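Heads up, the chain below is alone and in the form deposited without the ligand; it's given as structure tokens.
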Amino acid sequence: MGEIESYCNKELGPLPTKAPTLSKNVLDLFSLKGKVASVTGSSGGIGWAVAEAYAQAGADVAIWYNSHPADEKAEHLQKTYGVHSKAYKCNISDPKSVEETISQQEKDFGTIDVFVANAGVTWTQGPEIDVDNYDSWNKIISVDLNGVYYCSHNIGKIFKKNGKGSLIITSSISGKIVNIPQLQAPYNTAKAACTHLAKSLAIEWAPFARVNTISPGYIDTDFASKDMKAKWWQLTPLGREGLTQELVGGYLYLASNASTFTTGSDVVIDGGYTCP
């Protein structure tokens, strides 16, 4: 009695919750100064571009790696932008490794304000009907779904401990559409799972954090023939693949105070690919 109780999440407490106090200047909303970001898969590709953009925005950055040493990448951020950066080696497929890596990052930086769950794996084996060995399926799920959940489960405890945070899960247009002509049902499945995990966690963590996805389309960064890429261009309204530098604005948007009412959303950056 005497309380408007949420239908979504009672841990919100009596409603309405209070809006944050923000700068009246839109440009200040995007600064990450005074914040710690942890960006997985940041030894290259999208994760590196996001890690570097967050440093530009003023954030201390924990980069992750596994196959290739990124200590000099983390050192490069320190030297270039005057920000604390350290690199961490971890197999995202191993939940104990994730727990220890996250626990260690909390010690070195003090806290974590922004987390980017950036799971990189692809399915290149064609139609699944001819892949009788479930090791390919199971490897996609372990890295691209379980590995994303391990990171989320651990970072949510830190967000709740601190009463604040912003989790970004890197999904894909493959979470919304079925890629053609390269058939990759297992990858599309894990990415769709990622997208709806982010929305589910958005409800569960709303008293202490925001959760959103970025869904990139075809970004210029393997076994893609010229005639395959040609078909991608033909079906993309802008007519080309994107650049990693065209993703960083969306990742900064979701990481910062520019999006404090944005949760459970999927920011699609795909040159229009999902529209036809």
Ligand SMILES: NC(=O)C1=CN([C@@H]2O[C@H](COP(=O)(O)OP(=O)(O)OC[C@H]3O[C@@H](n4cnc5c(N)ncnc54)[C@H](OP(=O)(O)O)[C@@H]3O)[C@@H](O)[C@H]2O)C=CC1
Contents of the next structure:
Protein chains: 4
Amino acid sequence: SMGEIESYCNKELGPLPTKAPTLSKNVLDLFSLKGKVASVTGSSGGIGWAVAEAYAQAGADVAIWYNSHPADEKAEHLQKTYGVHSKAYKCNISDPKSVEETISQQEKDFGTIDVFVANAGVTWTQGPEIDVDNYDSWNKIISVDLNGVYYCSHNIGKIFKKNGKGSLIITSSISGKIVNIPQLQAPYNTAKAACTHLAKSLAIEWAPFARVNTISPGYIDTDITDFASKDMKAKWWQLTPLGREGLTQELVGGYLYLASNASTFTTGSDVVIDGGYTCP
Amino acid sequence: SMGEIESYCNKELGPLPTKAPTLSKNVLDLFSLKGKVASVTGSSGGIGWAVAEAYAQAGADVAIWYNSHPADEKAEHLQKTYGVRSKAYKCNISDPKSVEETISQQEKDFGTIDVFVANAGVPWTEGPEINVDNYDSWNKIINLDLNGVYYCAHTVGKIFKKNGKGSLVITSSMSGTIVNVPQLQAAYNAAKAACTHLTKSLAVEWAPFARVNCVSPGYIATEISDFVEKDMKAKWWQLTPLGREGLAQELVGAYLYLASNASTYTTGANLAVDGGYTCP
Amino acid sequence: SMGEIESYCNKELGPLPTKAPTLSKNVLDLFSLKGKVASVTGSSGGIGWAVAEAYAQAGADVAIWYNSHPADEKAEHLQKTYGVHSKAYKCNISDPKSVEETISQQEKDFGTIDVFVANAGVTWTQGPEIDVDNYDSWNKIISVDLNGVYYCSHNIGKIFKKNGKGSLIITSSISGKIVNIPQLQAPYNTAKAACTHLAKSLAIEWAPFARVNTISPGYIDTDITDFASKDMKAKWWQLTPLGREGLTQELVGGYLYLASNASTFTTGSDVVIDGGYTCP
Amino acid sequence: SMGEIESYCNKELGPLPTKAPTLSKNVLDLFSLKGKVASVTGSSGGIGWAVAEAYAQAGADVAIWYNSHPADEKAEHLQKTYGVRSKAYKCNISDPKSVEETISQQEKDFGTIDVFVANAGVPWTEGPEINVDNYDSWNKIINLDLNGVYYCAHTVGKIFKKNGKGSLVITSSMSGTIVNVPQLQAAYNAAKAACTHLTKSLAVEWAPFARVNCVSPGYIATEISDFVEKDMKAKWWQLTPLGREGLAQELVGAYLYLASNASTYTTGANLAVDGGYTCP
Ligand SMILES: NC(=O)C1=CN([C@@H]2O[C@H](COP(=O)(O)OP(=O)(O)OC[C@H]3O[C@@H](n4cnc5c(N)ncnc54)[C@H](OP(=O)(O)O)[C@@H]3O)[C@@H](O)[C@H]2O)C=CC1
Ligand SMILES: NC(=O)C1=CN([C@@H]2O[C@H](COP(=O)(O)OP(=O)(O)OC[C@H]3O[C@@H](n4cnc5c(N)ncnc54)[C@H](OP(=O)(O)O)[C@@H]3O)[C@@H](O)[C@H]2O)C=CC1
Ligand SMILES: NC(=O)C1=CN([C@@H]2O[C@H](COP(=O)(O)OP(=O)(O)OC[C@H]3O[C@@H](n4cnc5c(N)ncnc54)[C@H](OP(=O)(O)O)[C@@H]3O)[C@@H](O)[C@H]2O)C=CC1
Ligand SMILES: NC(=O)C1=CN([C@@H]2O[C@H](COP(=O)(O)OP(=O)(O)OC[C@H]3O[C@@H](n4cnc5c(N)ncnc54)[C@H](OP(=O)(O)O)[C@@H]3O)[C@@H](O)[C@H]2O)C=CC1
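In place of the form deposited without the ligand, the structure of the form deposited with the ligand bound is requested.
Starting with the chain above, the whole complex follows.
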């Protein structure tokens, strides 16, 4: 160790400074995913499908994930429309063996995984915690939205380390930074705050072989928010600086930014796409 | 509800504005805890014992909690030295049924609970997650440092709501806001970030009847974190603006601040006591 | 330098670790300001007078500051009521020579300054910036609320360094963390965010001889908010988890905490007293 | 206003909800800037030139700004290489009258301004503030790094509001969120924190007609910060999770993200590009 500058963050970086990637001098080339394999969980759903389709547009092979809604037709659509390889996989991400077995099969079928989006999740819809005496629903949120995200990260991390490269994006939420109102949802906020800081912690630990970042969406027009009445949505609009909910298409730019070589010095960051909601 | 100003945060506040409490004319009397009962989990250990003793000095009856290290002589020390009432209770906070019984008994023994400090926890010590394939380590952290905190909160909140008053303090960590180095501990950091934001979420939901805040200590010279290696501690000191670890006696003022009527407008706050560590 | 652990933050700490203060084992004694001199700017106003009176209650000599409203009668009241030394000083804090001359005279009249509260400030009341084409009002906010705070800090810092001890508290605002609505006040928010990060920066630089912290109040019932109509206050209440504005008396506990030996490991922190406003 | 949902943030949004834009079907086309005019201050220097060239690659007409280092050959390089239109402008951004004239001329020369990057700035280099008694250093930082940014924003916002569209990007710094060490620079950190929160405040006020975001770079290998000392840089590397400084080419993707229609729901956001530095 004499004769080396040793990192205070992660000695597995080796003697410092590490060396910067060789990048195209053209900014547009940086956003390409040509020759790359992406795996997007929760990709039978709103945000996941938008991101998955966009990764296919950028040139990537895409592994689609679903649980209770088969998305084989979505994978088939990606191959016929963009000519990339795509397949759909059924997995309950609360089951850690099933996560391990799904990702291991994806690595076999696609050869590798370059980009991973840990996106599947469920909401809390039962109002204030004080009145839910039964711990099933807390356990459901923690299992899927926190433990399941860690199962995906821990297994994909081993592939990134073997190959020496990778980009992990975790879908967090503004709920990891603020407390949603008027719908009270403490267990979901707790899990998403944990997701956001897990991303920062893994960014440190994986730095020799991968980048880890989060997207924190605001209110996005998907079916996840269909439990909400008109008067509750109206209050969301009143508190959003842009004055509306976002579209799933307004998120894909950030997911592509983080997945691609546009962001090779970006790690441990939280990219907020929320119409300004976290500012007031 | 015509004519009432209804909260966007919590309609159980009633028609706004809510009304402020009467408070002592003298600032020093605001910190008094006589007439109050406090319950401090993990008060076998370093921080918990310091807080428990400080609360007795302020005049509170204090319920001591332990798991593997019986603390009855601690409770009887509080009895003897300060003339308050005190009893020690054995509880595994990862078991929700035992948490409920312990809280229920304390309410029976002391009459009520005014102040609750959710402080018990364990560290992660196994280095980088990517080399730990038993999820048992991950599960143990989450079940004690996150689930167990939620079990305590869910039960004590019902007492606060019955009585219409209460202060809940959660011991989080600087690890919920930053990523510790060089000792990598992503599971612990994730759990503590969850605790910090659970605090903020419960502050909104419980606002009609209680305040909820957290203390985020830095490196504190308890027995646990003093068997780590010279070279590790030295790096912590180099990155701490005050240049040293903290004493447990440097935490008790923040815990008394949040427990007492000195902080009646303070809720959802995170008090960092870390020698400046989160600043660089 | 061989044979020393050198700080990465501030080599003027000397060889590490620095040594912890010897504190009373009784938590109540930690909050005393007996034998200490405090200087509170803006102390003809609401928050400043409450803090000043409270510091006198805790045992401190108090230097009162005013600009357009003489507060000699307030200083006289402190001496007749609590028996401490107190005098009032007229200073326009936008004037850096006047700041220097006031603090230098206070050090002569009182012997030293142990605690300094940089609290004087003015609000922006002119609505959205886009319609204020004239830069007077931006310049007014920056001069008083930012430059004036630095003039006080820079001059008091020299006294703390000479004596090797001190505590600086800056009154910031939730406006340094969030964007107030519906009253649009970008220049004030900008200055208060600067105040909050100046506190963290000075905490690093002054660490060998002083602590620096901020209080960030929410909406407090003083005359600073009298420009606001009932329908605007009502929206503030709707967005505040506690459902009301705070009282000045609800801030003094935090100002005493930071001023006293209750907080000797607390530096660079921002203590938010806002009824939970920053949580949603 | 009966029957309308009125914003709590900004009533000039009109009756809510506001309406979303039509966007390209293909994610890659979202990043296009053809048909757009961009104005990039400080584009003599490292970061500004990189951004200006990246915007021309994306198809934008680009206005170059300089002060002491004429950049007409830079603008003519953009002319020659990309076929866009480009001109360089000499302006001292600490002088508000010259900022207004420069912005006015650019509007006349190019027809409009769609994208504005407020990027010009200077560092603090004089070590700890407490030893610097000329406020000239403090004043120079504030006047260029804060006041000058506000002058650019105030003027360009009127163009955006006239046209009903626009994207403003402010170059802040990791220094607005953390305190750099070992080089102490409180004045600069304070100014950059002000820029970050000015961004957030202007995002709310301008929301009916523009987005406002900031990029917060870490240590970037520009000429300015490469003449610092070996031992200083080595400490930066040791505390950076990626183990190195960033290249200016690692920033341009974030600037293009925020400038383009890839980020139409992104406002008030701070994109950290710092190799993970703010995480430990
Ligand atoms: N939409 C919004 O407003 C925002 C959403 N988010 C987060 O975005 C993520 C996706 O949300 P969104 O697209 O909006 O909602 P959707 O319900 O449309 O997507 C949910 C996806 O999660 C999958 N999934 C759900 N449960 C499981 C489970 N046990 N095991 C494996 N997969 C499961 C679903 O699969 P299947 O249907 O096949 O069962 C589905 O593909 C979530 O993490 C959400 O918390 C955060 C900010 C705002
Ligand atoms: N020391 C430090 O530097 C810092 C500590 N913290 C947090 O402060 C809290 C206490 O830490 P500290 O005092 O330093 O450490 P200690 O090990 O001294 O205290 C641990 C306490 O937790 C109790 N406890 C442990 N496991 C369980 C369990 N299953 N069920 C119920 N109770 C349990 C222990 O009880 P018993 O011994 O009887 O088994 C003990 O009272 C923790 O939450 C820690 O994460 C946060 C920032 C820094
Ligand atoms: N009240 C609130 O809701 C909150 C206030 N704050 C901040 O609290 C601080 C005090 O505010 P508050 O007590 O509520 O309002 P007040 O108007 O009651 O107090 C203002 C004080 O500032 C002094 N002052 C004003 N201008 C100058 C000037 N050029 N030079 C020297 N002194 C000056 C005034 O002196 P004089 O009257 O003698 O001229 C007065 O003592 C301020 O920094 C405010 O920004 C932040 C969060 C919320
Ligand atoms: N380099 C880094 O690591 C980081 C830089 N930043 C910020 O990025 C911005 C540019 O930095 P960088 O490119 O690295 O530094 P450079 O010194 O290379 O760029 C400085 C630019 O500012 C312009 N400028 C300087 N002073 C004035 C002035 N009074 N009036 C008008 N224009 C002026 C200069 O113009 P001219 O040369 O023609 O006089 C130059 O174009 C700055 O805001 C910096 O604070 C933030 C994080 C890290």
